[PDB]
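Shown here is one chain on its own, the form deposited in one PDB entry, set out as structure tokens.
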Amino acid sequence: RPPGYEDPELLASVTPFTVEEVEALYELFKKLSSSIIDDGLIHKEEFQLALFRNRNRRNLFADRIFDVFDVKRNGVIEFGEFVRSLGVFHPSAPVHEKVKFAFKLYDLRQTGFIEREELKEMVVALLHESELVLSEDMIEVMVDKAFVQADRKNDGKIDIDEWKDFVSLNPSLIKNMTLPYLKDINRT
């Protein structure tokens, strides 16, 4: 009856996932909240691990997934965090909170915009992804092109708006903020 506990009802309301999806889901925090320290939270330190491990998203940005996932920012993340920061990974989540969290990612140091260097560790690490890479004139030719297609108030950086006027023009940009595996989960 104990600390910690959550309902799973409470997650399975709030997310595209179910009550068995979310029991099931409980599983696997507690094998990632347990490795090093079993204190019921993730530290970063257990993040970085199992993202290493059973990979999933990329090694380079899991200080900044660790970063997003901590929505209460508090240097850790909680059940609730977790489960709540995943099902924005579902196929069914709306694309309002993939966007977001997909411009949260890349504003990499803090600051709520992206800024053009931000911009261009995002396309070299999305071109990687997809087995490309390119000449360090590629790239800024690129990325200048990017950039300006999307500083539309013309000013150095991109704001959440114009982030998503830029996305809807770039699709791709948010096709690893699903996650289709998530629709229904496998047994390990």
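For clarity, a rigid core is taken as the largest C-alpha set superposing within 1.5 Å between two forms. Numbering follows the first chain given and starts at 1. What changes on going to the form deposited in another entry:
- Superposition of the core reveals a Cα shift of less than 2 Å for residue 158 between the two forms.
- A displacement of less than 2 angstroms separates the C-alpha positions of residue 63 between the two forms, with the rigid core held in common.
- The rigid-core alignment places the CA of residue 97 less than 2 Å apart between the two forms.
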Second form
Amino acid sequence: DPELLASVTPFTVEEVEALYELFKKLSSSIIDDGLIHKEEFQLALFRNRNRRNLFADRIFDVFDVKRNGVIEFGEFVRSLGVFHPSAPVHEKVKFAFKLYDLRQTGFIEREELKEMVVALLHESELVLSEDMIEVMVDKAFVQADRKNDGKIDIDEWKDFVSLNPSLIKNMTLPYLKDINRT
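Okay, that one was the form deposited in one PDB entry. Can I see the form deposited in another entry too?
No partner chains or extra molecules come along with it, only the chain itself.
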């Protein structure tokens, strides 16, 4: 299984086994069941098991490939493989796209961008007017929406990111190479 996992991901056997040590920590913090549930995930990211956040919900949801409400070790390793420095960049691009498509519409809707921008402000404890938020949403959206049709599609997103590669900066954990030593 560590050998099977290592063969479907950029990780080696020794790396998968190192990640298992981490998973054991993350998955045992509230209910020790070899699974990570929403509250255990909020605890690992925020050090507050009760802190709700749109982006963490989106990450959690994408990690949960089995759509069963939890992250098993297999789900955990397969998804983290995408954050490896050596994962193909197009996988990184499509993972971010999936995160931002809040309600699985197949596009990044304009109101989905807006909801994200509001959540970011809320998260940061910043207070801005509706008009100001609109200017911010509009500038980004008109630029990504190449074809001028009112939605953002995968190919438009791919081109947008090719023009600003730092948009997927979060999509690399540049020390998934140094996990053995950790």
